[PDB]
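**Student:** Work out the full structure, taking the sequences as your base and the hints as a guide.
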Amino acid sequence: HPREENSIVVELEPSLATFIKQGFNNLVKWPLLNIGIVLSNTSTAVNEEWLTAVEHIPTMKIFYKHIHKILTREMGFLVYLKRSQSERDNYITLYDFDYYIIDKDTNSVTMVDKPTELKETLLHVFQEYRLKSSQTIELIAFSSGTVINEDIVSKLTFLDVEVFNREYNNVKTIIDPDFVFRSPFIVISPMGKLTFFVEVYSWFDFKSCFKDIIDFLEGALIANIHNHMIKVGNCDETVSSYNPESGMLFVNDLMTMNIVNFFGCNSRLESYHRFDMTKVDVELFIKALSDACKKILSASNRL
Amino acid sequence: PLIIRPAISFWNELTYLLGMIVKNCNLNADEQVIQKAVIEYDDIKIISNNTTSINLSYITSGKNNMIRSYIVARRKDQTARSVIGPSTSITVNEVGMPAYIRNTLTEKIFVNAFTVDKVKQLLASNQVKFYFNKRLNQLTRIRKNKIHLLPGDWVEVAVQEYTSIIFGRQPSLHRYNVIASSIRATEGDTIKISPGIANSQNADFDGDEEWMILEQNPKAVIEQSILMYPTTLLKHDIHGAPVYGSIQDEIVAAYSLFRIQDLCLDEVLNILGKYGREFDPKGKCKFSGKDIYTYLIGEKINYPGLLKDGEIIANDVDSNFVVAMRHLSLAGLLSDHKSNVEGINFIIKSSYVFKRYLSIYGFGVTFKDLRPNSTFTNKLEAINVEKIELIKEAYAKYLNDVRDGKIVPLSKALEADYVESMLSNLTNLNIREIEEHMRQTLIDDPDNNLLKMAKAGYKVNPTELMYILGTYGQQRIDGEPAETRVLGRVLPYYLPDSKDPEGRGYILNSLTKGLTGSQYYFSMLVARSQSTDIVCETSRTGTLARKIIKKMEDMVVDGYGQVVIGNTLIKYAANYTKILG
Amino acid sequence: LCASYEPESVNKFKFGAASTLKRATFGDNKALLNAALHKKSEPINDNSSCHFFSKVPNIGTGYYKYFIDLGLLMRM
Amino acid sequence: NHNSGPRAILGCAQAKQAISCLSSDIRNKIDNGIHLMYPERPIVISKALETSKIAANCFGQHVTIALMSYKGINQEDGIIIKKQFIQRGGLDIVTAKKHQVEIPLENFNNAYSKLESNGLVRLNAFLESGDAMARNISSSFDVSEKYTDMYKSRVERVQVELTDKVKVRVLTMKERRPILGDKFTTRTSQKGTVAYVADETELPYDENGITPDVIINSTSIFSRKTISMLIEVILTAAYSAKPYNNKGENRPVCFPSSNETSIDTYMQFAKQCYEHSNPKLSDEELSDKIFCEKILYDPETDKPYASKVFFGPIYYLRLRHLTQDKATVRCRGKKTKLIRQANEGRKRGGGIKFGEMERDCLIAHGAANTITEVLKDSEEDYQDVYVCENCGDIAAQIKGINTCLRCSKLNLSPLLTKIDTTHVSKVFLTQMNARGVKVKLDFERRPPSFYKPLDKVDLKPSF
Amino acid sequence: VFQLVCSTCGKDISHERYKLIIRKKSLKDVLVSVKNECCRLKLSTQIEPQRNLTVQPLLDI
Amino acid sequence: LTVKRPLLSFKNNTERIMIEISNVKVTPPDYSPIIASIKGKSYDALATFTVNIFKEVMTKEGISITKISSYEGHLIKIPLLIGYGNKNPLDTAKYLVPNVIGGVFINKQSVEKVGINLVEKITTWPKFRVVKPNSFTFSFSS
RNA sequence: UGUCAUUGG
DNA sequence: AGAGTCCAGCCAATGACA
DNA sequence: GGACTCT
Ligand SMILES: [Mg+2]
Ligand SMILES: [Zn+2]
Ligand SMILES: [Zn+2]
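Chains as they are written, first to last, in the authors' numbering: chain A, 3 to 305; chain B, 199 to 209, 218 to 349, 355 to 792; chain C, 1189 to 1264; chain D, 680 to 789, 797 to 825, 839 to 1162; chain E, 2 to 62; chain F, 50 to 122, 126 to 194.
Honestly, the hints are just simulated from the structure, not real lab data.
Every clue listed holds true.
A few chain E residues facing chain D, derived, Cβ under 7 Å:
1) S8
2) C10
3) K29
4) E38
5) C39
6) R41
7) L42
8) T46
9) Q47
10) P50
11) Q51
12) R52
13) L60
14) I62
Quick list of in silico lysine-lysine cross-link-like pairs, BS3-like style, CA-CA up to 25 Å:
15) B:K251 / C:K1218
16) C:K1200 / B:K251
17) B:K335 / D:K1034
Note that the Cβ used here is the ideal one computed from N, Cα and C, for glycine as well.
**Tutor:** What follows is the structure, given as C-alpha cells:
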C-alpha cells in the first residue's frame, strides 16, 4: 500500500504520558493552507469548495525534509494548481500541484521534489470534455503565517502577477488572521499508554521525520519546564499559585497539574490541594521526560 | 392639519378624501353627495361593509388601532435580537453579549462635576460616538470639531461591561421573562444566558431568540439595578419557590453527588473546584457526598423532613431539592434564613459543583440500560397477546349469548364501560410489570443510568417505560375512543360493525416492537388532534390573558397595606398578612 | 368581578369607574365618541391614561410623588 | 413507528429544511439557495428514498456522535461540536443570494469601491454592508440600493440587461461554517443549536484515538422516546464494519420509515457484520461493538469515565436557520413619517418592538420610570410644544409669539402650557379633533407645599 | 471536489479515493487498508455532486 | 380551443352567425430552461389559432356562408412545465439532464413557480345538513 | 407603503 | 325569537407583487 | 364560529 496506518505504543508514567501528549498537542503545529487564492475558476465547483479542500492537503508527505524548519516557523510553503479539462486522465490528483518551499530568511521560493505516488491520488473529477467551452481551475495556497507582500510576489514567476494581485485584493478580507494549524498525527494516552496513530508512506522513511518531531517536542518541553514558575503568596483565581500559610496549591495550569501529579498528587484544573512544594524535583521530571523520549524513539525504531 | 396626513414617499388617502369632499362643495350641489363624501372620509362602515379604506376610524379600528400599536407599544432604538446559547462562565446575574451588539449599542455618560475628566479623556482618544448638547437641544454624531461640555449634556460611547441591559424572551407571559442583568463580553453571535434562568423564561437552546434593550436614563438605571436584578426576583411572588435553579443533567449530578461515598480529600477538592478554598477537613480523611452538601449549604438550620444542623436528613436528593419552582428547594430555605443573596450564591455554587461532578464522572444513558436483551419485552409481549385474546373471547361469549338470546343486551354505554374496564385492567397489569422490572433491574444492576434519572426525578416514570417496553394503551379522542364512520367501523382493516377493541384504538404494541399501521393511525390521530387543539387554543388564551391583565392591572397595594383599585378597597390586608407573598 | 353590587365580566366596563383612555386601550371603538357626547371630564390615574400623556404610572416607585428640599442648599 | 407521533411530525417538518444538493446549476442560476458542500449519501434508508433520488441528492453528512454530558454545556438541546471537524469542511454550506436592481439608464450612465469602470460590481469581490452593486446616481445624490447583510458575500455572477431600464441581477455566495447558534438535527427530530465549539484536545476519546464530531445529551433521547435514533446509530456502525455484500457491491441497510422487522434481527445483522470484520472477538467486546458502547477517557486527566458511552456514527443534518440571518441590532436610524417612531424591517435597520406584554412585565416589576422612559419619545427629540388650555390644540409661533389661532379669531387670549408628550399622542389627538371630538387638557396648579419636621418613630417590638 | 482528509479523524484518504473512483476497485479491496469507521464511511458515502457546466461568461451584458 | 358553435341566430333560426376557431398549433420555445433563467425570458409555449366569424343562412339546397371577419394567428403564451430531465411535452428530441426532475414553471421574472393539488368543490356524494331540528337538507350537484 | 406566499421560537 | 356588530396570542424572517 | 344587544 502507498499509505499504511501504524501505531506506536509506549507505556510510561501516567502524568508523564499526559504531559507529553498535551505538549505535543500544544507545541507541534503543522500549518494549513488557509491562505488560498483562486485565480481562474471555470469548473463546476465554486471557489469555496476548492479552498476548503486545498486547505487540508497532507503536505507532510511532500515537505518532510524541512519538517523542523516548518515547525519552528522559520520556513513556509506553497501549493499552486493550474489544471484544465482533458480527453483522457480527466481529473485532478495531487501530482498536478506544484509544491514550493518558502525560506523566510530570504523569501526564497524554490520548488521541492514531487513523488510519483501522488499520481495515485484524487482531488477532483472534471465533467464531460468539450473543447467548445473552457473548464479550468487555477489557484495558489500559502501556508498559514506567511505575510503576502511585494517581496514574495516578486518571486512568483510561475503565474500572472496582475491576476494574483487583483484576486488577492478580492479575497484578502476573508482570510483568517490567526495561525491555522494541524496536528501531524493522533496522540492519545489512556491510563499512561502513550499512543501515536501515524501514517507511513512508501516513498520516505517515517523514522527520521518522527525523530525530528520528537526532538523538537523534547526541546520545547524542556524549555517550557525550565521557564515555568509557580506564584507564591495569596491567590486570585487566574493562574496556579501556592499559599504557604495554609500549605495549599491552587492548580489552574496543565503543566503544574502534570508536574505535581508526577509527585503523588491527584489534581485537576482549577482545584486546591494540600501539597508540599518541597517534593517537586524539576530535574527528576526532566530526566523522566528524556528517558520517555528515548523510549518513544526506541518504540518507533521497531515499527 | 397636514400633520395627520403627511406626504407619503416610496419608489395621501385622507387628502384625497378631503379633495372628494371639496369637489362637491358648491352652491349648486345636493346635501346628499356632500354627506356621502363626509361620511366616506370619516367612517365608510356607516354606509358600507368594506374594510381596508384608510379613513379616520382606521386609527380606532380593532387590534391594529393607534393606541394598542403605537402608544402602549413601540419600536425602540438601542435594541438588539439574537439566538441564545448557554454559558458556564455566566451566572444568573449576568448575560453574555455578542461583539456586534456591543460594537453597535451605545451607553450614555452624563457631563457633570464627577465625570468631566472621563468624558474629556474619551473625547481625546476618539472613543465617543455621539454627543448631545442639552442647552441647544441637539444630537451630533462624531465620525476635529469643537465641543464644549456643559452639565446636562452627555456623550455616548460603546457599551461597557457590568452595564444593565434589559433582555427578554417572547412571549412575555409573566414578569420573569423580562429581567435586567449585567453585560459580559462573550464570543460568537449568540446572546449567552445562564441555564439557571432558562426555566424562568420557558427557554430552550434549540433556536430560541431573545431581545435586548438599553435604557440609559439614571432613574431607569437605578430601577434596573435594584428592582429587575435577578437576585431581587429570586423567589416567586405568589408561591415563594425559587425562580432559578438546576436543569436536566445537574439533577442527576445532584443525586449521584449525594449518593457518593468514601472519597479522598483530593477527590472532594477536585469536585469542589474553586470553592474548595475554605473547605475544612475537621479530622477526617475519608469523606462522603453528604459532607460536600453540608459544606455547600453552610448554615446550621433545621427544616422538617429536609435538614437537621445543616446535614440533609432526607434519603436522597431529588429534583424537588435543586430544580426551580419546587417546594423543597434548599436555596429557598437558605434565602428564607438570611436573604436572596444567600440563595443566589447557593444556586451559583451548586451549579458549579454539579457541573464539575459531570466533568469528572460523566453521565450517559445507552441503549443497553433500556433494553439489554429480549427477555422482559418478549415476556410482556406474550402476556399482552394472551390477555387481549382472553378479553376478545369473553366479549365474544357475551355477544353470542345476546345473539342467540340467552341474556338481554346491555346499553352501549355500559358495554363500552365494561370493555373500558377490561382494557384498563390490562394497562394496569402492564404498569405493574414495568414497576417490577424496574425494581429487579435496580437490585440487579444498581448503576443503571436510566433508572438513575428515574430515581432522581427527571422525566422517567413507569408510564413512559410502559410506552417504550410494554404497551401503548387505549388512544382517546374527546375522552372516548375514535368514533365509527361508514359501515360501523373506523378503518377498512376491520369487518363492518366490528366489535374488535383493537380496531377502536387500543394499541397492543410498544415503541420497542414498533407500532403497526392501524396503531400508527390511532397514535397519529391523537398527536394531530393535540396539535390542532393547542393551535386553536393559543389565541383564545392570549385574548383572555390580555383582558384579565387590563382589568386587574390598576389594582395595587396602597400605603396602609390594603389592596385597592381606584378609590375602592378590595382587601383590608394584602396577601392576608401585609407581608410579601 | 364582584366589587360592585353585581357580578361584572372581564369583557365590559359596566359599574367600575374606568376612564376613556382605559376603555379605548382595552378595545372599545366608540369610547371617545361616547365620552364626547356625555362631556366627560376624567382624571388621569391609571396606566393606560398615564402612558398616553407620557406620565409616570402610579405603580411601584411611581406610586409616590418626589420633591426636593432646597433649604439646605440655600442655607450654604 | 418506534418514536412518538409529534416527533414524526417535527421530523417531517425538519426534513424539508435540511440543506441538500439543491441544484445542478449552482453556478448558473441567479437564485436564492443553500447548498451542501461535501455531501454524503445516507446508508440506513428505505427504497423510496433510493427511487425518488433523494438519497443521491444528499441532504446531510455522517458524523461521529457521543451521547454524554460534556461539562454541563449540553443542556436544553445544546450540542458540542469539534473545531477541527468544522475546519475540515464538516457540515459546511454555501448560501447563494440573488439581488436584482432596476436602474434608470440616465442614472446608470451618470460606497462605490467595488464598482468597475463598467458601473457594475467586480467579479469575485466580497461585498460589505454599505456597498452598492451598480451605479445609480440621480441628477449627485446617489440612490443605489445597497448590500445590507451582516456577513460578506463573494460576487459569483452578474447578468445585465440594457433596455429602457437597466436590470442588474447579481448572484453572490458565502461559505457558512458552523458557528454558535446554528441549527442541526437528526432524522429522528433530535434538533438543537451549537452551544460550544470544542477543540479536539479538550474532547473525550476512545481507545482508537477518535473524538466525536458532535456530542448530544443523552437525557433528551430517552425523555422524548426517540428509540429509532439508537437503532440508526447501531445500523450505521454495522455498515461501517461491513459496507459491502457477498458480491462486493456497496449495499445500503434497509431500515424503512415504518419498520416491521424486529430489533433482534438488526442485532443479528450487526453481529454478522462485526464477526465478518474481526473473525474472533471476546463476547464482551462483541456486545460492546453491537450496542455501540465505548469506554471514553477524560482528555485532561487521561482517565476513563464511570460507565460506557453510546458512541457511533449517524447521518446528521444541517438546518437553514443560521445565526447571522436572525441577528439584529440598532443604535439609531430612520423614523417613520407619521408617528416619528423607529422603522420596521431588518433590511431597513429597524427597531425591535417593545410590545404590550413587555410593558406588563415592566409594570409588574414596579419600575415606573423605566417603562415611562421606554414608552415616551427620546430625549434627543425634544421640542417646546405649547397647548391651549381653552380649546386644546397646539399653539403656533407666528413671528416669535406663541399664539392660538382659534382663540385669537374668537377674540380670546387664553393660557398656553408647555407639554412633553409623544408625537403619536399629538397625532391621535389631532385626528380625534378631525373626527369632531374636542379634547381639552387641564393642568395642576398645585398649592405650594412645605416640609415640616416629624417626630421619632421606632417600629421595633416591645418584649 | 473531494476532501483529501477525513473530516472526523484527519487521516489521508486520497489514495483510496483514486483506488475506488478512478481505478474502480471494490469496497473490500479499497477498505482493506482503512481501519477507522469514520474514514470507511467517508470512502463509502461521499460523492461528488452532479453538476452541469458553468455558463460563460460570468459577467454577461 | 376548437370551437364551432352558433353565436346569434335570427329570422326564425334560419339565419345564424357562427364563430369557428381552428388550426390550433402549440410550439415550444427555442431555448432550454437554464437559458430562460439566466437571460430573463419566460419558458412559455406559443399557441396560435385561426378564428373566423361568418353568417350562415340556410336556403332550400344552399348554404350562404359569407365571411364577415377572419383572423389567422404569436397569440397565446402558455406556461410550459419543465419535466423530468428538463424535458417539456413538446420537445420530442432533447438530451436528458441526469439530475433534474422538474415539475416547476418559470415566471416572467425568472421565478420558479410550483403547484400543489387541490380538492374540488363539487362533491361526488350528496351533502347532508340539519338546518333546524326535524328539518334536513340533501344537496347534490350535476 | 401595504397585501400574498413560505418559515421560525 | 332573529339580525347587527365586533372579536379572534406575541415577536419575528425571507421572497414576490401592486 | 360565537357572545351581547335591539328589535
Ligand atoms: Mg425552543
Ligand atoms: Zn385657543
Ligand atoms: Zn476518519
